[PDB]
Each structure stands twice: as C-alpha cells, then as structure tokens.
Amino acid sequence: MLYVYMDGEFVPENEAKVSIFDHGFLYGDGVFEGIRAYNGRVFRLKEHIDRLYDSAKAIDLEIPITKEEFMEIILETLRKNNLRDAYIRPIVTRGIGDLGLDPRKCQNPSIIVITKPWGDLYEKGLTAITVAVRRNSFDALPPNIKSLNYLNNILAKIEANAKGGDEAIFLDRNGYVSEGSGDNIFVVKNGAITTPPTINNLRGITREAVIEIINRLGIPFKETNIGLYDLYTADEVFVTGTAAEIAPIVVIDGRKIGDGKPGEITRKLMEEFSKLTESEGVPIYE
Amino acid sequence: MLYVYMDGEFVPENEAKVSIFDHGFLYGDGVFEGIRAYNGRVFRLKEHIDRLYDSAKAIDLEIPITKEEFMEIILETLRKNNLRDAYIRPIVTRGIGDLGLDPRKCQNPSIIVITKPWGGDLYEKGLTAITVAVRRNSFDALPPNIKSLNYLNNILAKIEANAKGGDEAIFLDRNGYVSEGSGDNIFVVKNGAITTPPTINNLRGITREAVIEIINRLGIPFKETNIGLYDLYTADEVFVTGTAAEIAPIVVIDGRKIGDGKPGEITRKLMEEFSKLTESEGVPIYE
Amino acid sequence: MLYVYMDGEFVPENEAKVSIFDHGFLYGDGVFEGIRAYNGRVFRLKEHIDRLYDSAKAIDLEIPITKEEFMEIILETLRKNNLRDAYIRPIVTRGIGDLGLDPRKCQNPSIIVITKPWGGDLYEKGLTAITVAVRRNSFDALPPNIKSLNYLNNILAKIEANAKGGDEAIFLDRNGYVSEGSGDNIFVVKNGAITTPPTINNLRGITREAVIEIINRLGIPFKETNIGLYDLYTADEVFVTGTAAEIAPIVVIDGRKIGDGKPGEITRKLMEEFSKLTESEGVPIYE
Amino acid sequence: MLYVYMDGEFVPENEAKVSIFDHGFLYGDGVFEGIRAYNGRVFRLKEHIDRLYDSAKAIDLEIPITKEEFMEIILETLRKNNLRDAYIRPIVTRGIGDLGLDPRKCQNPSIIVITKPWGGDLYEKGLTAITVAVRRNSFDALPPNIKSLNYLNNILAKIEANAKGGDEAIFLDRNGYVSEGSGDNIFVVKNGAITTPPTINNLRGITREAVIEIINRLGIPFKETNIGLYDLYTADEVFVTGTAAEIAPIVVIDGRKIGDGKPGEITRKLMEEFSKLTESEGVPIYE
Amino acid sequence: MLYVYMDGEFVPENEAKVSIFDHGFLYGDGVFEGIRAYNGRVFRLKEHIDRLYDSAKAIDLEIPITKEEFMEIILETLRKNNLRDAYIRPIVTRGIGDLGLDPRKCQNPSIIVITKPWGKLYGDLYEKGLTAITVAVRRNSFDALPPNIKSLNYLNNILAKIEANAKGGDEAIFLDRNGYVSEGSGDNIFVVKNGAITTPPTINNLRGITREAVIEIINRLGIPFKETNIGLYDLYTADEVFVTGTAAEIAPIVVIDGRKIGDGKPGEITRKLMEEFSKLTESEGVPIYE
Amino acid sequence: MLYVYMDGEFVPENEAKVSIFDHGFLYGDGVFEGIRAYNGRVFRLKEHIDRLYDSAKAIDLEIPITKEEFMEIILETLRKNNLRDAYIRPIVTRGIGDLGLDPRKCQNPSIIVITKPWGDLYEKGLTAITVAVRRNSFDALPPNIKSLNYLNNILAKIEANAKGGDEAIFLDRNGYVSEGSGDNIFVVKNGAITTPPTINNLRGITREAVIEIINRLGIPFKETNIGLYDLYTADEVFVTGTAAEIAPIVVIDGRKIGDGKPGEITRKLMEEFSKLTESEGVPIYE
Ligand SMILES: Cc1ncc(COP(=O)(O)O)c(CNc2cccc(C(=O)O)c2)c1O
Ligand SMILES: Cc1ncc(COP(=O)(O)O)c(CNc2cccc(C(=O)O)c2)c1O
Ligand SMILES: Cc1ncc(COP(=O)(O)O)c(CNc2cccc(C(=O)O)c2)c1O
Ligand SMILES: Cc1ncc(COP(=O)(O)O)c(CNc2cccc(C(=O)O)c2)c1O
Ligand SMILES: Cc1ncc(COP(=O)(O)O)c(CNc2cccc(C(=O)O)c2)c1O
Ligand SMILES: [Cl-]
Ligand SMILES: [Cl-]
Ligand SMILES: [Cl-]
Ligand SMILES: [Cl-]
Ligand SMILES: [Cl-]
Ligand SMILES: [Cl-]
Ligand SMILES: [Cl-]
Ligand SMILES: [Cl-]
Ligand SMILES: [Cl-]
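Residue numbers (our numbering), protein chains in the order written: chain A, 28 to 313; chain B, 240 to 526; chain C, 240 to 526; chain D, 240 to 526; chain E, 832 to 1121; chain F, 28 to 313.
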C-alpha cells in the first residue's frame, strides 16, 4: 500500500528495513527532517533540505546526492503514493562500518524517504510540565543538529507522560528556557512576544514562518532569554513545529496561563499560519 | 556464514535488518552492551546483563524476557556460530510505533544479539590522545551512565580526534572535570598512586571495576576522585579501559609526552593481571 | 489550649502573633529547627540547638540567650503543655527594624518555641516522587545548609510535586547533582550498598546523621558521594530522612517503579533500627 | 498614630501583628511591593499592582481580591493616615495552615497595606559599592523576578557590603554576569551610551522601566545586554534604580573610582528628568 | 639598530631589559596594546590608548602619564627608528615591589614602547585561508580574569596555541565558561551564513579595535549583522568564517575541526571585507611625520 | 650585596634584569616556586623542585637542566649570599622569541634563582573576605600550575585591600571554596578538619606537611568540598603556604570565627609545624 524510498528503490512499508550494522542504527549516527505537504504542495521544502544538509555538515556526514536530487526524490515518493496531504521524513545515515565508533570506516550512507498521509487539543489547548532533565548542551551534542539521537527528547516526554503534561518544556545547561520536546516555544505578555535565541534549541522552520507573520502584523517581538517566571506569568504561551503547527499551552506546572484558554494573539497567529500553508509550497503534480 | 539472533530467529549477517519504523532506529531509542568471549568463556556475562537491564530501566524500557533467558540466548548465539573468542553486542530497542517520539505508542521491543569473531602493536608503543572541545553529555540531560543507542556525542569526539591527530579523544564534563574517553574509562598514575573519576559523569565500566579489584588486590594506593587537565598532562602514566580495548596505555596527550612516552610499569603490570583474569574466569559456552 | 513561648512569656496559640515589622516576617530573616519528643524524651535536642546556632551564625544573627537557656525554654514549653510525644519548632527572628533590608537597623531578635502534639499508611505502600525543574538554592547564593525562614525554593518544588502526581519532590543542584527532597535528605540502595550526596548542596540532617550511624553499626557498605538521575532510576531502594518523616520509602520516581515497587528490605531494617533509637535516647522532659 | 490595613480593618502600627502560623512568616511564603506617593499622587500604582499579581501567580498564590479593589484599599490606607508623600508596602501571605510546607493546607491569604511617611546628601557625593561573593538567587531555582518575602539572598549581600565598606552590594548571577544591587537595578554609562542587564537574572524594576522611557525620549544610545565586572570597573558612570532609592549614583566600585569619582553628567540629567516625572504623574489620592 | 622607549630613555633592543623584581614580570601584573603604523600613519591610535587606560583601570593600575603624553611617546619612538610601517607594543607594568603579590608595595610603574618594522612581503598571504581547531581549555572567565583586560597574563591564550600546534590548526578557537563561542587565541571571530554576519558579544572575549572597524564596514555595506551568542554548530555550518586583529587584519578560516567551511576557500563576503579594510588602513590614522 | 643566579652567572639585585622580549615578561609565560631555608636547611627542597617540573610540563616548557642541577644551583645561590634563613624564588621562563604568542618560536628558557633573607598578626589572627572573582578554572588556566600568570590572585588581593581583609578567599567556577590568594585553606569544626580537594586550587607543600601532622596527631581529617556556610560556622579556620606557614583566620566577611581568637587546634598545628621546620631539610653548608 505505502512505499518508502530506500537507496534508489521503492519498498513497501512492511519491508522497509535497514542493516543493523548501519551506524545510523547502532549509534543514531544520522540526520532527519520533518516536512508537510498541504493540498498538493510541499511547505518550505527548500528550507528543510537546507537544514538537512546543515545537520549532516555538523556531524561531518557527506550526503551522497545533491539538494536538487533530494527534492526530486521527495516529490517522486509523494507521487508514487498519490499523496496530497502528508508528513515527510527524509533520513540520511552514516552507513555500514565496523562495530567501533569511527565514522571514517563507514561506507555508503543510506538515503530514506518516508511519506505518511495526514488527515479537541487546539480548541482547549495543551497542558505542559517543565522537566528535570536539561536540553542537550550546545557544547556537547548541539540541539541545532536534527539527528537520530533523540533520547534527551524522549526522556523529557517520559517525564511529561508520568507527570500529567501533554508536552514537556526543557531548560538549558545555563538555566534558560530552551524548547518543548519536539517544538519551539513562544511567550506573549502585554501584547509583546518573546522567544529564546536558537542556540540552545533548534532553528525551527515553523518558528521562522511565525516570526515573519508576527513582524508583518506589527506585534512587538524580541528574541531573548526567557525563564520559568516568564512562562508562569505569561498572558499566552504557544509551541511551534511541523507536525504541531501552532499549539496553545494553557497550563504550565499546574498554573493556568492567563485565563486558561487559547489566547487572542495565539488564535490570530493560528489563522494566519493556516493561510500561509494554503498558499505556499513546491507543487507535487504538474 | 555468521548468524545474528533477531527476535527468536537466527538470521545471516547480510540479512540482519530492522524496520526503519523501530524507534531504536528513528530516535536511537534503545540500549546495548559490549561483551567478550575468551577461550570458550563469556567474561563477566552477568555484570553486563545487569547493566543492560539498568540501562533499560533508566529509559523506562521493559525488556520482554528475563535475565536468565537473555544469558541463554547469548550462549546459544555463540554456539550457533561455533565461536570461542568473540565480541558480543546485545541490543534491545523500543520497537515499532508511529512517527512521533512518544514511547507509549511502541509495542514489541526487539531483542538482537550480534556475535563477531575476535582474534595490538599499538599497545607496545601506546596511544596518542587529544582532549576534545565538546563536553560529555550531562548526567542531568542524557546520562552517560546509560549505554544507549544515542552515541553521537562520542562520535563527535572521535571525529575531533581523527582531525586532530589522536588515536583517542578525552572528554571533560559540563563542570570542567575529566570524564572518560570516547569509548573507555580513564585512569591516571602519579607517584605510585592511581586515580580515576567517580562514575557519575561517565559510565560504570565493567573493565574499570575489574581493574579496580586488581589494583586493590595488589595494594596500589587508589582513590576515586575528580581529575583535571593538569593531572593528565603531569601524570607518570595514563591508561584507558573497556571491553574491546582491555587496558590501553596513553603515552601522549595534547602533544605532551606522558612520563617517558612509553607504556608505564604500573600499566604493564595491570595489563598482565587483566589477561590472567580473562583466561581463568567466565560463563562456559560449551561445558 | 496550647501555649507558645514568645519572648519570655507563655501565650495561647490563638494569641501567638509577631509584629509585621519583624524582618523575620518582611524578608524571612530568621532561622528555625524541627525537633521531636518521643515518650517524654527530646530526641537529639543538643544537635538541633547546635544547628540552630550555626544557622544564625551563617546569617550573622546573634541569638540573645545561651544554648543551655534555649534548651530549658524548650523543655519548659513541653512541660507547660503536658506533652510527651510532640513536634517542636524553635524560631529566632532578626527582630523589628525599619522597612529597608539592612539588618543593622534591627534591635531585639524574637525567640519563639512552638510545641504541637504528635500521634503512616503511606509507609507500608511507600511514596511516589518526581524530580523538579527548579534546582536547589545554591551553596554560593542562599546556602541550603542554613535552615532559615526562606523556604520558597522548597515550596516551589512542593507545588511542582502537587501538580505532577508526586507525594515528594526531588531537587538537583546548580551543577546537575542530586541534592535532597523538598524537606528531607535522600539515600540510594544498590546491590546491598548505600549512597547519599555530600551535605554541601542540601542540609546536614540530624536524621541523616543518625541513619548513617545505624548503617555503619550494621556494617552495610556506605559511601557519601555525588548521585545523579540515573542512580535514582536504577536503584534497588530509595528512601528519604527527616525529623517529621523519620525514614520514608520512595517506591516510584518519575513514573519508574523502584525495584519491585514496594518498600525495600534494607529500608525496612533501617526503619526498625531507627524506631528503637528514638525509644531509648533523648533529653528527659520530666524529672 | 499610623494605621495599617490588615484583612479588612485599620490597625495601629504597634498592634499590627500576624499569626506565627501564617506560612508568610514560617517560610516567607508571600509576595510584596514597594510603592511611592508623591504630592498626593501614587506613582505607577497600576504597574506595581500588575507586578504584585504576577509575583503571586509565579508562586501559585491566589490573591483573594481584584486589582481594582487592591488599588482602592491602598488609596484608602493613605487617606486614613492623611499622607501625601509616603512609602507603601502591600503584602499578600499564603495564610495559616499546618506546620508542613504544603501550600494546599493554607486557607485564607492575608492582605496587608503599610504606609509610612516619606520626607539625599549621599546623592550629591554618590555611593560606594562592593561586588559580593554570593551570587544572586538563580532564575532556575528561586526566580529573582518574584518579589517575595524570601529576601535572605539580598540580606546576605547587604551583610557583606556592611562588613566590606560599601553603601551598596552588587551581585553577579549563576553564570558570571552582572545582575543588580541588593535592592535596585544597575545601569552602566560608557562613551555616551547606556547598558543594563536583561531582566531575567534580576527584577523587572518599575523605576528601571521609567528610566529606560526617559533614556529613549532623550535619544541616548541604549542597549539591554549582559555586563561583566570589567564593564563596572571601566564605566564613565554607574547608577542604581529603585522605588526607595530613585536614581542613586555609584562613584566607587571595589576601591576603584568610577570616572572622576563624582556623579556623572548623564546620571544627573536622568535624576532631574525622573524628579519631573514623579511631580507630574500618578493616581490622585484625594478628590 | 632599533630603539625601545623605556622610562624616559631610548635603549637599544639588546639592552632593553626590566628588573626581575617588577611585578609585571613576577606575576604578569601589567597591561599592553598592539598597534599598527601604515604608510606613516598610526591606525586608530586614540582607540588603542583609550583601551590601554581601561585595561589599567580594570586592574587598579594608575598610568603615571596622560593619554596625550603616551601618544607623543609612541610617535617619538617611531620617529627615532624612522619607521613608516610598523607594529607598536606599548606596555605599562605595576613596577618594582617586594616578593609578595600585594600591589600596594609597588612604586613606579614602568612605561615601555616597542616598535618593530612591518612588511607585507607578499599581498595574498591569505589566498588559501587558515585551518582552525576548537580547544578543550575554555577562555578565562569574565568573572575570574576578565578577557576584556589586555594584560600580561596570556597563558590561557598560549595553552590554546599549544593545543592548536599539536592538533594541526593554524589557529585555536575558544568556547567560554558557559559553552558559547568566545574568540581565537589572539583575534575576534565572525561567522557568515546566508548573506548575514554574526559575532559574539564582547563580554567573553576582547573589545577588538579591528572588530569595531570591521563592524563599521559591514554596516556601511548594508550586510545584515547581529551581535549574538554563537555555538560550535554555527562554526561548522557557516558559509564563511574569519578572524580579526591588529597583526592578522582579516584572516579567513577555511577548515574547522576537520570540516571544510563552505567550499574550503576564502569566501566572497570575507574577500570584500578584506579589500575595504585595506582601503581604510591606507586612508586613516595619526600622521607620524606630518 | 645580594646576588641573583641568572643563566649561569651571579648578578647583583640592582642589575638582575630580563629582556623585555622574553615571553615570561610579555605573556607571563613561565613557572616559579616559593621555598624556605630554616637554620641552614632548605625545607622540602625536592618536593618544590618536583612541583616546578610539573608546572613546566603542564605548560609544555622544557627546563634545560636536571632536577639535581637545579637543586645545586639553589644551594649555591644561598651559599654565595651566606644565608641560613631565607626565601627562595626559582623562576623558569619560556625565553626570547618573536612578538607573537607561539611558544615554538622561543628557544632558550631563562633560569633564575632569587634568595632573600627571612627574619603579632599570628597572636591575634587575620581577617578575611570572600571575593567576587572566582578562581581561574581548572579547565581554563589550571591553578595547579604555579605560573607567572598571577593576575587572578592580584585581583582578589585588590578586593581584600579595598574591603578590609588581610586575606582574600576564592570560590571556584562551580561555587565551591577554593583557597586564599596565596595559600590553601582548612576548616576546623567539632574537632574535625576539612580542606578542599586540590583540583580547584594548588597542591600546597605546606598543606601536604600539615596533613601529615594532622594524621600523626590522629585528628579526624577529610578532603572534601566546602562552601561559604562551612567557613562562616567553623570553630577555627587557617591558611597554609611557604611564606605564611600556618596563619589563623579569625574573622570572615564580618563574622567572628568561633571566639574570634586563634583556636586550640590551629595553635597546636602551628607548634608542630615549627618543630618540623627545625628538624628537616637539605643542608646548605657541608
Ligand atoms: C562511553 C563509554 N565508556 C566506557 C565504556 C567501557 O565500559 P566496559 O568496560 O563495561 O566495556 C564503554 C563501552 N565501550 C564501548 C562501546 C561502544 C564502542 C566502543 C569502541 O571502543 O568503539 C566501546 C562506553 O561506550
Ligand atoms: C527538538 C525540536 N524542536 C523544534 C522542532 C520544530 O522545528 P520545525 O518548525 O522546523 O518542524 C522540532 C521538529 N519537530 C518534531 C520532530 C520529530 C518529532 C516531533 C514530535 O512531536 O514527536 C516533533 C524538534 O524535533
Ligand atoms: C532585588 C530588587 N531589585 C530591584 C528593585 C527595584 O524595583 P522597583 O524599581 O520596581 O522599585 C527592588 C525593589 N526595591 C526594594 C525592595 C525592598 C527593600 C529595598 C531596600 O533597598 O531595602 C528595596 C528589589 O527588591
Ligand atoms: C595560589 C596559591 N595557593 C597556595 C599556595 C601555598 O603553597 P605552598 O604551601 O606549596 O607554598 C601558594 C604559594 N604562596 C604564595 C606565592 C606568591 C605570593 C604569595 C603571597 O601571599 O604574597 C604567596 C599560592 O600562590
Ligand atoms: C585575546 C585577543 N583577542 C582579540 C584581539 C584583537 O584585538 P585588536 O583588533 O584590538 O588587535 C587580540 C589582540 N591580538 C594579539 C595580541 C597579542 C598577540 C597576538 C597574536 O596573535 O600573536 C594577538 C587578543 O590578544
Ligand atoms: Cl549535555
Ligand atoms: Cl539573557
Ligand atoms: Cl572535586
Ligand atoms: Cl541559586
Ligand atoms: Cl562527583
Ligand atoms: Cl551575552
Ligand atoms: Cl576561568
Ligand atoms: Cl544566547
Ligand atoms: Cl561535593
């Protein structure tokens, strides 16, 4: 039924498998992206591919095809599955080597493209908890790299699951707010919006699009460090990501945020973002 | 030719593959061990299996078989490949779920056992090391005590070592203390006394534990305490420990000769004692 | 129907009030203790009073009576209320001054002694704990070794625990190491050995000290060393210690069952030994 | 002579007392503000009340009256004492509960309003400051943005300043950056440009906000950015801002003369502009 | 042959010596500057002297002459050696005292001016670009030994240089105590990505005079510019990286930690800034002889 | 009147000068020791020389003579000045090179030996203040290296001078007590003695000798991290170093330590240390 691109061939989902000797599996030595197709268009495809190549460069991995080729493979995979509204997960691995860690002994990076169809939480908003684990440090395992090492994020999610939150919020190694387990975070206070600099989190493509909207609407905006206090006393909080789009956060660590309902600025940004996704993107067909 | 245990079946190496939808692959959401078989015996098998289950507990992953069953599967895999001297890599994954990170959506952890035959001139001369710019993953972020499939921090250090002329990389931690090598624990020898970092910022090495037993048996003064760059540079001897490496002497750090630049007397003594231990101890594969 | 000692007079509870201009109220500028009376004896009275004077010294506050006088006032207050089993809360404040924070403007520290009667289904089943996002007050900012009226750090942790399904909150410190619970010290049991953090990032608990004496008397291997999240999650047993709590088992941390999820054998043994200690030791209230 | 608002009644100063069982006293579990009345007007009353409610939200405390009601109570208290020039200290406490720290056991928060008359030579000459060894309470432990009854960190800094020859203490934060004074925000002037730390490691000062409005109106180059010890020592001018202090010049830091050792031209200009602002703005007390 | 100014006298290089009891030698208790003369002009002389006095103020050292006097001494030293293109190193020491560290026991700070000829024997010395490595040692903290002070305490920088020498880099790059990029062992660092330029704030490094001049050029050219914290990731994934300093001018960095930066050659924006900076040095400065 | 050893010759003090082009002067690129001669004996000469060579190794500086030769030069310098009670300051510099920082360009390290004669505050004790500056980090400029870079120590001393302390006390980059500006620190509480581990400070030779005495006397002793709280609430505090020997600290940050007078354990250790200095050491003459 659904086909996965894997190293030059289309392979059914149930058969899409990688060698256990690939360093992408043994050590999470690889990179990935998350991309959305809306109404036959791929939203910000080029931006995602640029980021995929930056992630690879950061881990000294050479992607064995060009950006143009990678974009064509993504479009082809969507076509092959006849999708118009989808989630796309391109993955590049280090490849098979010996059982040590040396990446120089790895040959043939694998290229994989997964496409899956995409068809109360936003009306009511999400509950969040701040986690005890800090985000992976920008001087240890830089979170700006979207790699197959996502266990830091998973530990945060496990905490949220056990602690009554829909979402986990990280602080960084220096005590500053970082991001959610899988999304960037924005704070609204007295009509002005703040978001952390991207060094301790990930340069979100949704985040970038939302900042463009914010500036277009003339809402006062500042990229600056935020703390627990700013989260708790905010008028509104929301998170941004490819899968989530814009999700309101209405409770943090048992405290109602503002009136406890998705806020007016958040709702306005949600509308504007929907508009953007309906009118922009690389066409899949024709 | 060589068979891998994978979820109840023996599968040839070239066919040993995991679903790309397993969270072990998508997110490195899984745990592993490294174990050695010497002369038909598996060295410290129980200790490694205890640590595998601790790694799983740390990431809230339930291993779907008992420790006894896991040990039998390891022995069976070695038997199936007729090995007497081998490296063993058991792996447990979170399993297949959807494309989000939530582990609650994953069912059926995979159980995998890799066994590869095993049979140094670098040990006569010793290794060169460099200290890396990247710090070790924090014990309050992604605890390095967990032996997980998230090894990119270690790989980044190895990439630095490759580019900077070192056979091995040495990490400092988030607080500026010496941690470990990219894949081994680290020991410093100075004026007849040995120091090693506490295990919080690194990994509770089974080789490290065995070497400490030897050290205490020999009556060499020993202290588990924080060490710094200064202690590395001014050491009489430095060595690293791990399953694959055993005991490897480090004779140059950041361009500085360690002592006389040759593997030291205490290191050599510990290397001999450790060889003896591996030849006389372990769970028998065949008898 | 209970009397409180307040600056030389015995005052009924409903009338026990402090000026809003006391810096102890305006700024939490004061120190306190928590002490238990068991069967007509005050457990470790002298140790608690020594710590009260150390807390005061740390904040440069001069307690205007001697330790001997303070002990007599505590005994008198218990007598006046005819208590044999009680919780005692001595408090010393900076005193009344102007509306600035300068302690030089404050003249007459207040001395207060509260005694309340004391007469554990959660101890059969054990407590659930969650690790909090807030770190403990730093030992280079507002040292937690000072038992002061500044307890908002502890309250924020408790608020997190209340919202996040834990009976107790566990803090990490400014450097990523485990510190303590919101109101108790923490111990980890693993393979028959016990570890607890050094006291610098937490509080030199009198219960903690008594439990360490028991541990050493029983010959259980014991080490004071830094502990991390990993050590909590993979422990055989965890327990917390304090005056009010005594020894409380922790059986779930951050959704993970600790060992078998029931109070452990070593914990239960220490609980018994500690009960024995409280029944046979202490400064007698009567005669 | 002077009356304090306390839970619905006016009470003379000498009788204004709080139960020792209020958590505001036992644990400093409460919030406060500092507000000035100038010539029958309350300067930035609404801003202070907004911040009071934000402080309460941060510690999960529900103030049991509306902001409008709180403002009326403040005006009423000033009227009752016939004040035109005053310092106002509203306080909200967690309330009486049991002797544990759990705020869920507390029922009835207390509402308190203190008003004291107000109405120099240190401002012509400027103040001496010393940087303290204690760091400011961390924004990830006990956020300094909360104006709470936990002021012992500030008091420790003041004690250091008293012992070390400074009129004021200057804090660095947990990451080594300049934070603020023990009771005021800090600004640096260098080559005609002004810098001040971001507010995360200190307090969002209402005076600070008013001074930034003046700075921007005057077109003085201004940047909110991290400052270090070096920037303090080599500044042309330094000043601090707060409700009680207004704008105070700092002319010596750690034994070093700042610029020429006298209040600087930009500081003096800002002092004039700020006086003007206080004379022409505010919520009228009478009529 | 070359004369050094030392406390009021001109002294030949081979005789230019300081008492071993000067605290500047015993403890590195002193301050210095690095200044260039181009075609008979001293580039940004006043800015360098202002920074020298700020360094001294930071270590509570009173320079015993005025800024105007110091500038005249520098010009005089260049004249005495008949230089038109030179490197200038003014130094002020704490002075001679006893063998303890207390600076109160020191009298008479020494004033020293070194001038050495400078000849770019080839233009296009940075045609290929430099290789860099990030070091394990962090930069001296802004709350311990502030790097904004250009003092005689340069051992942190030397340790980084030793690492670079042993690890195959022409230059060392520091991170700071909080994990942020700081600077090179002797130069400020800039990152170019998608036509925009970033550089760290100056708190964890040094307020470079070259850095300041390059920022003026950047703004004049209308290149998007932001002063903000940068991490290892930003270095590795940059289109271009360059470093700035008095001696180096603008030096391209084309490899970091074994990774080619962009195409591995000095980048277009870097080359443009190098041209503009050369122009600036040819047309500005305090005249030595005029 | 007094002669300084400088690169093979004895040179009068007033003429003892180093080239301004030596990197030891330009960049503080060199190492030093502090040693005492008592009654014609040099106390712990070998330990000091071992530490000098360790400092040099730490900065990758090769001392161009052997330890035995260095010891002889020290003895010779003392003899030449006819001293019996003295302070000795050996110094090794990187040497002359060009004006850059690269140590590869420096060829001939200088060897210098300074010897100066040696002969109420200990009866009353010293006042100390804790400084705002942290000690140089063990991951930046390791304080275990006794180098010519002493400006961190000088900044602390400047703070102490301005803030009414005879001595400055440092905390480290992680908030733990480190040492004084020129001495190690010990805390006495309820008959037991604590001192920080040596990683964040310097492996003091006096400190080592005092620990030997402590153990010989059977006083309970522990090497562990100490905080501000432990300083303020101590029964006794003292500092140790070559010049200071054992100095009691009786006031810290305006707080009287115990009764404000040198304590019983401190006084006992001062006596025992005097005894040690009278009966041990390498003889200068014969
Ligand atoms: C980070 C780390 N530290 C220490 C050890 C040593 O532990 P044992 O003494 O128990 O083996 C390990 C485990 N050693 C390990 C794991 C994976 C790869 C490699 C390699 O050398 O390439 C080494 C490890 O992965
Ligand atoms: C850590 C992190 N932060 C931010 C984002 C948002 O980036 P974009 O705006 O470019 O998508 C991501 C990406 N979002 C992401 C990726 C993988 C899984 C999940 C999940 O919700 O389970 C979320 C991410 O993984
Ligand atoms: C830590 C702190 N920082 C800044 C300010 C200034 O904020 P406003 O500009 O909003 O006033 C304050 C408030 N100022 C304050 C509060 C309580 C006591 C004292 C005192 O100086 O004794 C001072 C404060 O307590
Ligand atoms: C930073 C530091 N720490 C400890 C000591 C004590 O070490 P020994 O016990 O090995 O001497 C020292 C050495 N003490 C020293 C050196 C130079 C000057 C001054 C001064 O107080 O003016 C003091 C030192 O400089
Ligand atoms: C640490 C540091 N950072 C930046 C600069 C650049 O500042 P100007 O742009 O103002 O020059 C310097 C100064 N550059 C400097 C000083 C001394 C030696 C060396 C060397 O590279 O060998 C370099 C420096 O020493
Ligand atoms: Cl990390
Ligand atoms: Cl900030
Ligand atoms: Cl340590
Ligand atoms: Cl803190
Ligand atoms: Cl530790
Ligand atoms: Cl900054
Ligand atoms: Cl530092
Ligand atoms: Cl930042
Ligand atoms: Cl510790």
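Heads up, some of the hints might be wrong.
[Stated by the list, open to error] Simulated restraints, written as ranges between beta carbons of each label pair:
id : chain 1 : residue 1 : chain 2 : residue 2 : range
1  : A       : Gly218    : E       : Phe1056   : 51 to 57 Å
2  : C       : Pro303    : F       : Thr251    : 17 to 23 Å
3  : A       : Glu305    : D       : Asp337    : 46 to 52 Å
4  : C       : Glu252    : B       : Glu301    : 50 to 56 Å
5  : B       : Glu363    : A       : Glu250    : 52 to 58 Å
The set of hints was computed from the structure by calculation and includes no laboratory data.
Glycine included, every Cβ here is placed at the ideal spot set by N, Cα and C.
So, going through the hints one by one against the coordinates:
With their beta carbons about 28 Å apart, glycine 218 of chain A and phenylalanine 1056 of chain E fall outside the hinted range of 51 to 57 Å. A hinted range of 17 to 23 Å is violated for the C-beta pair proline 303 of chain C and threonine 251 of chain F, which are about 34 Å apart. Roughly 57 Å separates the CB atoms of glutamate 305 of chain A and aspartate 337 of chain D, a value that falls outside the hinted 46 to 52 Å. Judged by the Cβ atoms, the range 50 to 56 Å given for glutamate 252 of chain C and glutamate 301 of chain B holds: they are separated by roughly 52 Å.
At roughly 56 Å, the beta carbons of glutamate 363 of chain B and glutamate 250 of chain A sit within the given window of 52 to 58 Å.
In summary, the structure is inconsistent with hints 1, 2, 3 from the numbered list given earlier, while agreeing with the others.
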